[PDB]
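Presented as structure tokens, the chain that follows is alone, the form deposited without the ligand.
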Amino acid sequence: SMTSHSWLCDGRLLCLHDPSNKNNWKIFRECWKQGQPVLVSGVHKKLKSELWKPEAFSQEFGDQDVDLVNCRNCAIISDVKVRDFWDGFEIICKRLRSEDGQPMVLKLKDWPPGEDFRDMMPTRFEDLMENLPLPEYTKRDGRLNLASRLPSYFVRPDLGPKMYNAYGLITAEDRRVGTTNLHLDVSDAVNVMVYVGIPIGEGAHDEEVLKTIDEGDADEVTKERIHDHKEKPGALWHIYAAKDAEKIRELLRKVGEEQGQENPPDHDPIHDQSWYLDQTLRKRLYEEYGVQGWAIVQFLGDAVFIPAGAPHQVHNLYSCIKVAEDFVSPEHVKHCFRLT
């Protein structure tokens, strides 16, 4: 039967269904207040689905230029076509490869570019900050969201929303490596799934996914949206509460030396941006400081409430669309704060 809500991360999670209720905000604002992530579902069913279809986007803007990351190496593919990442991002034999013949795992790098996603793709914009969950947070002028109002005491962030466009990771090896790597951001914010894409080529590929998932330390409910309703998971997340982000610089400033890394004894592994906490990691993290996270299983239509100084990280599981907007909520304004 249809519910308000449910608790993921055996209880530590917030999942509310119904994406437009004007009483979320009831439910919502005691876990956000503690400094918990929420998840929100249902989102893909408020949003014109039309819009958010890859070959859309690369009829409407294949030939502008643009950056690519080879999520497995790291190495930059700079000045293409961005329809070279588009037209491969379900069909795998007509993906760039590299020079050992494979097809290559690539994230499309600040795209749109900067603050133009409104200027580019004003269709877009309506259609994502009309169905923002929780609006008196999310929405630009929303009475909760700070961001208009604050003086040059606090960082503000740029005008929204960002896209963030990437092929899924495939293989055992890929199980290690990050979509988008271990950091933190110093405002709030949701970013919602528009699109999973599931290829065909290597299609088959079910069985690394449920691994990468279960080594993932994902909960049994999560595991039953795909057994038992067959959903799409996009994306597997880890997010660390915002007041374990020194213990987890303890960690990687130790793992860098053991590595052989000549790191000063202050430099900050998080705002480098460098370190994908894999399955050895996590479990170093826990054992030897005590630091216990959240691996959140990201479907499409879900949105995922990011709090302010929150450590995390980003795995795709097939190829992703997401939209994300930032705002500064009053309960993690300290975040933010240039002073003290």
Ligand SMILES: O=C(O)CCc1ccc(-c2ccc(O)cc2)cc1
Second form
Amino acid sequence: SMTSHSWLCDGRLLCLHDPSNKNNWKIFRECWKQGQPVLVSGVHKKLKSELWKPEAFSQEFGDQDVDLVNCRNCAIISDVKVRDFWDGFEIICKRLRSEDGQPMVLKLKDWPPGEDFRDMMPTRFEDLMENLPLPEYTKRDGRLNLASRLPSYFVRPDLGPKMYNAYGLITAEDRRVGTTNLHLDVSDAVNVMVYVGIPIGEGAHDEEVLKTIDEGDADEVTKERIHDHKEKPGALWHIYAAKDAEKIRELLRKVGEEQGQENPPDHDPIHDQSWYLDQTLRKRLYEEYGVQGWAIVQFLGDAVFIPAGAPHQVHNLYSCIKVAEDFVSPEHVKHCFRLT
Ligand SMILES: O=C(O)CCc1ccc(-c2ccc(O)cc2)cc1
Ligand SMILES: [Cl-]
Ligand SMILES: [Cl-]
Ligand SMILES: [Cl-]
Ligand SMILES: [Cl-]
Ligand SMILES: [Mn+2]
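To test you: the structure above is the form deposited without the ligand. What is the structure of the form solved in complex with the ligand?
Next comes the full complex, and the chain you just saw is listed first.
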């Protein structure tokens, strides 16, 4: 039977089932006021699927110059053609190779650049903005989005959306690395998985994706959604409550010290965006600081709602295209205020 919603993370995460249901706000707003993230699927069924394919981005924009990041060692690959990224998205034998002769796990940096998404891609902009869930919160002019309504005493978000494009992490050693490192945003955000690429050549990558999700602390219901082979898993997230940010900073200052970093006692390891919390660091955070997070597997068409101030990190399981919009809910406006 069709249902309005279900629970993940042992009851701690709301999962809404119908992205366009006008009653979603009634269930959403209680979880959101408590500082929890929220998951919505089925957003892929609302989109024009031909607009969000890697082959179309290559054909239409392939000649633009970009930088890439090597996710395994953070090296920057400067001033290459965006087609050099898109043509290896799902075919491993087309990927740029590191000096060891291995195909690289790459992230496309700042593309489209700054606030240019709407200008470069007006049909994609329309298709996304018209199908965002919780539209009173997430649209530029939604009645519960204060972005356009606030004075300069508040940090306002950039004009979005922003697109996040990266290959999936592959090996047992890749389990300890992030696609996006631990950081926080002063605005709220919704992140939609619009495309998941499951590769070929080295296309027998069944078991290590399962081990990554299990070691990632994914709940029993999430594990049932994986065993059921009906939906493509894109990325593993860890999200922490905004109120736990300083305890995470204390852990990371202590680990930096143990590892011989030489850092002023006030320096901000979350703002540095230099850490990924692996299985060891997540266990230590729980045991030594009493901090529990949310381990979330974002499937194709899942929209992840990230509360303002909530530290978070992303680990791609397969090749992903994600599109994110920032907004300012009245529930969390304190996080962007410039005084006390
Ligand atoms: O079980 C595995 O192979 C590893 C995890 C996983 C789980 C599900 C899929 C999948 C689902 C729907 C589909 O059309 C194609 C693929 C892929 C990967
Ligand atoms: Cl809060
Ligand atoms: Cl377009
Ligand atoms: Cl709404
Ligand atoms: Cl990063
Ligand atoms: Mn973020």
